[PDB]
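Undergrad: Chain by chain, the residues:
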Amino acid sequence: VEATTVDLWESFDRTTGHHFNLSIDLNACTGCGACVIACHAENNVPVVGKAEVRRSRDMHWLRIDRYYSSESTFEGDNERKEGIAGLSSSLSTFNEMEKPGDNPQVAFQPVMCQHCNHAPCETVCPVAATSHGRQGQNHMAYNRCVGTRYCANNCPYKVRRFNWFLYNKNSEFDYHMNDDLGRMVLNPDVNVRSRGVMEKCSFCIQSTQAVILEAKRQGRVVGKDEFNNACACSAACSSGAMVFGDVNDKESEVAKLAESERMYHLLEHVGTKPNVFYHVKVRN
Amino acid sequence: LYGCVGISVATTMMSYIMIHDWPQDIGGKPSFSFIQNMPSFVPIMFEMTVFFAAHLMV
Amino acid sequence: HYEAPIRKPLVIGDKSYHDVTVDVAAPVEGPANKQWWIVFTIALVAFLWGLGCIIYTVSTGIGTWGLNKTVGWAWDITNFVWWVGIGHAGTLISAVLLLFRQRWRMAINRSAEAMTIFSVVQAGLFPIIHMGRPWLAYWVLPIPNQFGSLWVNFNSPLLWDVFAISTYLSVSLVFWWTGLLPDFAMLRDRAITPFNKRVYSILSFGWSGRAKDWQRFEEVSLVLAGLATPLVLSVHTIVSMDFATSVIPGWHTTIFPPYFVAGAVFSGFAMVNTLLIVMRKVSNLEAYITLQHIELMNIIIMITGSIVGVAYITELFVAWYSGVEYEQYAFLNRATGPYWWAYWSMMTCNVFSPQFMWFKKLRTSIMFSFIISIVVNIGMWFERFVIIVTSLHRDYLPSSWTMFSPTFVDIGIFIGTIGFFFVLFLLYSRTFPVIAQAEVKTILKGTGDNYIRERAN
Amino acid sequence: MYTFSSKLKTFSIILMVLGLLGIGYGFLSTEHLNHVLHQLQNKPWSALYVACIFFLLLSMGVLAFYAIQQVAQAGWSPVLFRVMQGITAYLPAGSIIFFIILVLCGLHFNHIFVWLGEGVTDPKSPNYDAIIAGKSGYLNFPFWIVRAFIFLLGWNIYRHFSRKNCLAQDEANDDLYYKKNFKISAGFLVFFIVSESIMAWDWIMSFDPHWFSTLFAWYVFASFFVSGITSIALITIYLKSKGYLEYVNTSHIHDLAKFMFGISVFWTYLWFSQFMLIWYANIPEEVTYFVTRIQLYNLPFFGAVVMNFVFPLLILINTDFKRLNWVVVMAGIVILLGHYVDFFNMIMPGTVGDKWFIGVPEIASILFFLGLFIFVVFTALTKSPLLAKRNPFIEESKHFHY
Ligand code: SF4
Ligand code: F3S
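Residue numbers (the deposited numbering), protein chains in the order written: chain B, 667 to 950; chain D, 59 to 116; chain C, 4 to 460; chain F, 1 to 29, 92 to 464.
Isolated chain B, as found in the complex:
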């Protein structure tokens, strides 16, 4: 039986009231270059120097990947592995499959915090700084987070960025966060973190709480492409790769993409129920 049907627990009702998703199709991902800088524009992610990134301790909420291959194809890295012997060859094949061969194939993959439903990063927080909503986010409070760094470990995708120094006003980081003339880029609607608290690529709460707001004072229902135009993770990319919006509204752009033959999540055998689905690379 499909792995998603096995569950010792009981689910929660998110069938009404704006269940969200987010849609990547891997064909449209050329380089996804400007999708990064627009996400670090509202969210006030600080700038780290050459050192403290040299030690692989940077601060980014979404990332683009880079996967080469050995022996010129991706199917050539699935014939060497499925044909394997016992413990004498498997110590040598897995050590040769990290050396990329000449003229391989390249593949890109945008990876952010897909807001899970059976989320492993939730249950182990002792101070209860994380929780879920009815819309289907992963709400991250910056207040109870007394930084016992568990929830960076149980994320199998491992997109969770703890901050280590104070990046705001000290002279060790003499970037735009420090000087008085250059603290005007920072928007007042999103707070600026100090020390010891984690941060995470949330869904665009500071926009979608204003889209519901501007559709409630008027007395209307939210339109078709109104959620898509506000979240700058999707409303700033060049191609039509990133698609954000509603699902319970059966006339949006997300609900026509979720019912497809390319419906596909990362790591379904883990059983975490993500809310961001990729499609398929259909190269020829």
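Misleading hints may appear alongside valid ones.
[Stated by the list, open to error] Straight line, CA to CA, 20 Å or less: simulated PhoX-like cross-link-like pairs of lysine-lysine:
no., chain 1, residue 1, chain 2, residue 2
1, B, 866, C, 363
2, C, 37, C, 284
3, F, 242, F, 226
4, C, 363, F, 245
5, F, 197, F, 186
6, B, 866, B, 890
7, C, 364, C, 11
8, F, 9, F, 445
9, C, 363, F, 186
10, F, 304, F, 445
11, C, 72, B, 716
12, B, 747, B, 765
13, F, 9, C, 11
14, F, 241, F, 451
15, F, 445, F, 7
16, F, 451, F, 242
17, C, 448, C, 11
18, F, 226, F, 241
19, D, 87, B, 939
20, F, 241, C, 364
21, F, 9, F, 304
22, F, 241, C, 363
23, B, 916, B, 890
24, F, 197, F, 226
25, C, 364, F, 186
26, F, 7, F, 241
27, B, 747, F, 241
28, C, 444, C, 18
29, B, 882, B, 922
30, C, 18, C, 284
No wet-lab data here; the hints were simulated from the structure.
With chain B's structure known, arrange chains D, C and F with the ligands on it following the hints.
TA: Here is chains D, C and F with the ligands on its own, set in the frame of chain B:
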């Protein structure tokens, strides 16, 4: 008898806070009842019964 | 009476009641020598320097440590669980050996208790020091407040750990303390100075040893020993579940709850044995700590070592048996990878050290067993290290793969806890009655190289 | 010596006839039915398997304890060793029957095991299962038989020579047999631990080739070791009440009562930790193991917790009650029933699933082996005197009190 006091403390504490004051979701843990999500309370309930049984008789 | 002629004497030197009390009271009743002061000074300096490192990293940032965005735990919790493992030895010696009526424990129990009260305390520093905002640690407790009675959840093993450790220590403190009442009584009755007179009249309670008082005393210790064994198991198990309950390949399992416990017994006794070896020569109490006590410590270590060995092959079998590639790769990474030397040096120590004890010529040797007892602690440090690090730098999504290397402030804090351990233990040995008198005097007639010879003729 | 009752013979005969007849009765009764009919045909087969492995391991739970008591130089056990030797006479007979059953599976007379079916390994078949086929390096049938076979010799040989050397020690003017057995028992315990781990994989976890778990064998060990202790106590109570034991008193009973109590709690500990570590982080692979048990075997699954924990928890905690014959007998019965259920629960959902029931074919196999067990044990007690002769610790055990 002191141990029996301890288990009543542990179970009335957790059954109040977790399911009758804020029944929020932390993960996919079913916080609908006290049978549901019971196993996660065992590590605490145990320790409380020993704690009271030990110190109150000393 | 009805004692078997097979058993060997536990008390050497034809010692009577006065002989025993004088021998044990003597190190308390006199001054410390120059060598004591030299060692004390060294331990103190290491401790003070360690404090400086702790203050520095708390006030400047966790980023001064060698932690990564991938590896959130290493050396902090590694040393935490290492010290916790050490602090289970005394609660076995004073409770489990009690439950199995093991007479030979009477010469160890008191120093064995010191081993837990000075090591659980060391472990208690790490849950605070590694925190991002430790001055807000009080939020861990479910205390009514102005945030609309904002509570804590009761689903995380980190919280379970708070209850496990704080009650483990609390209970063991009153247990060993109660056992001191008849021994402090024997010091207040010496009162060589009015100062010391006052001190021991306060340290002891109004313990005028009487029929009824002893009757109740015995019953209390039986109850607490009964409660203590469950605590030994459940506390280390709650610690174990910090990894067993995860979704990370290489950590998610069911073997850890008894596995880590077996390792805790193994490493704990290895530690205790080295201190007893030097203690019986410095304090001149070699007539109480005999080669039979040493041999029995070695035998127990041998037994638990083999249990650990079985668990190692259990995990490897299951990994092969399982069709999950992620679990199999994790074990391949340990066998061959950038941390191969941690894994194989760990395995070398844990596999071969306890197997030397099958040879009587090696087991019955204070020289050989001293060395081996030290080695065991090294292997066990790596046991904890390997599990945590090798399972995090390699996992789901190859793009997140990394390395790990500690900094001088990670090392320094660990050194500090070692120094502090010895400051506390060393001072203990010059102010407390190192051997229970109430216990030894109940076995002096039952066993010893005088009464047995009398029984034989 | 021990005079046989001259009544238990016919009693055990009745059990070995009525049980046997019930067993015989049990075998006389699109793609949907292809599932169902196998569930139905397996019912009288797993009804026998669970009975044999229960009593087989019951005997092993005594030998493990026996070896431990001699290695640990216990000063209260010598007076009870003859009873324990009498109990562990079942093993060299029960192990024959069990082994034969394993052979019958190999010869395709049933569908007890999945991976022993035909067409599973080969890709040229509608029965092809790649997951099982990938585990064939361990599940290969001839390896399974040989590996199982040598575990039986490794237990039976120990039993045989332990008794032989003991009797030799009884008729000697020096020692040499005591020390011989001391060395042998130490070797046995090492062997036992290794054979125990593999045994569980081959005889219990082999019912579900799509499931695995660490900490399985230690759980299994506790589930029979506890019951072994209670069977020791019950036989000594019987013999004592019939006037065949001397130098046995309530302190010996009390010591056994508190021993079995502590280890029954230990069983509960292992049970819970295995369950919770799957429930807490329910990664769907390897979770259906509990899904299909909780949803189907509801009362069996949870009733086994109560009977093996809650009941004795409020009984064998009073030290006065630990000295009472009827308290100990009562608790012993409940514990034995509870562990029978434990083995029932582990095996049944893999062979019959939701077609399970506790009717005639189940009861019949229980009574048959019950009678057999009784017959063999009490017959064995007539072949050697109770209360061994010169033994380095028997003089203190004859005056043991607590
Ligand atoms: S992806 Fe990582 S951060 Fe987002 S919910 Fe799942 S575990 Fe938590
Ligand atoms: S588990 Fe909790 S305290 Fe912060 S580090 Fe993660 S939100």
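Undergrad: So, for every hint listed, does it hold in this structure?
TA: Each hint tested on the structure:
{"no.": "1", "hint": "B/866 with C/363", "in the structure": "violated (60 Å)"}
{"no.": "2", "hint": "C/37 with C/284", "in the structure": "holds (16 Å)"}
{"no.": "3", "hint": "F/242 with F/226", "in the structure": "holds (11 Å)"}
{"no.": "4", "hint": "C/363 with F/245", "in the structure": "holds (13 Å)"}
{"no.": "5", "hint": "F/197 with F/186", "in the structure": "holds (18 Å)"}
{"no.": "6", "hint": "B/866 with B/890", "in the structure": "violated (27 Å)"}
{"no.": "7", "hint": "C/364 with C/11", "in the structure": "holds (19 Å)"}
{"no.": "8", "hint": "F/9 with F/445", "in the structure": "holds (15 Å)"}
{"no.": "9", "hint": "C/363 with F/186", "in the structure": "violated (59 Å)"}
{"no.": "10", "hint": "F/304 with F/445", "in the structure": "holds (18 Å)"}
{"no.": "11", "hint": "C/72 with B/716", "in the structure": "holds (16 Å)"}
{"no.": "12", "hint": "B/747 with B/765", "in the structure": "holds (15 Å)"}
{"no.": "13", "hint": "F/9 with C/11", "in the structure": "violated (48 Å)"}
{"no.": "14", "hint": "F/241 with F/451", "in the structure": "holds (16 Å)"}
{"no.": "15", "hint": "F/445 with F/7", "in the structure": "holds (18 Å)"}
{"no.": "16", "hint": "F/451 with F/242", "in the structure": "holds (17 Å)"}
{"no.": "17", "hint": "C/448 with C/11", "in the structure": "holds (13 Å)"}
{"no.": "18", "hint": "F/226 with F/241", "in the structure": "holds (14 Å)"}
{"no.": "19", "hint": "D/87 with B/939", "in the structure": "holds (13 Å)"}
{"no.": "20", "hint": "F/241 with C/364", "in the structure": "holds (18 Å)"}
{"no.": "21", "hint": "F/9 with F/304", "in the structure": "holds (16 Å)"}
{"no.": "22", "hint": "F/241 with C/363", "in the structure": "holds (15 Å)"}
{"no.": "23", "hint": "B/916 with B/890", "in the structure": "holds (10 Å)"}
{"no.": "24", "hint": "F/197 with F/226", "in the structure": "violated (42 Å)"}
{"no.": "25", "hint": "C/364 with F/186", "in the structure": "violated (61 Å)"}
{"no.": "26", "hint": "F/7 with F/241", "in the structure": "violated (40 Å)"}
{"no.": "27", "hint": "B/747 with F/241", "in the structure": "violated (56 Å)"}
{"no.": "28", "hint": "C/444 with C/18", "in the structure": "holds (10 Å)"}
{"no.": "29", "hint": "B/882 with B/922", "in the structure": "violated (26 Å)"}
{"no.": "30", "hint": "C/18 with C/284", "in the structure": "holds (18 Å)"}
Violated hints, in rising order: 1, 6, 9, 13, 24, 25, 26, 27 and 29; the structure is consistent with all others.
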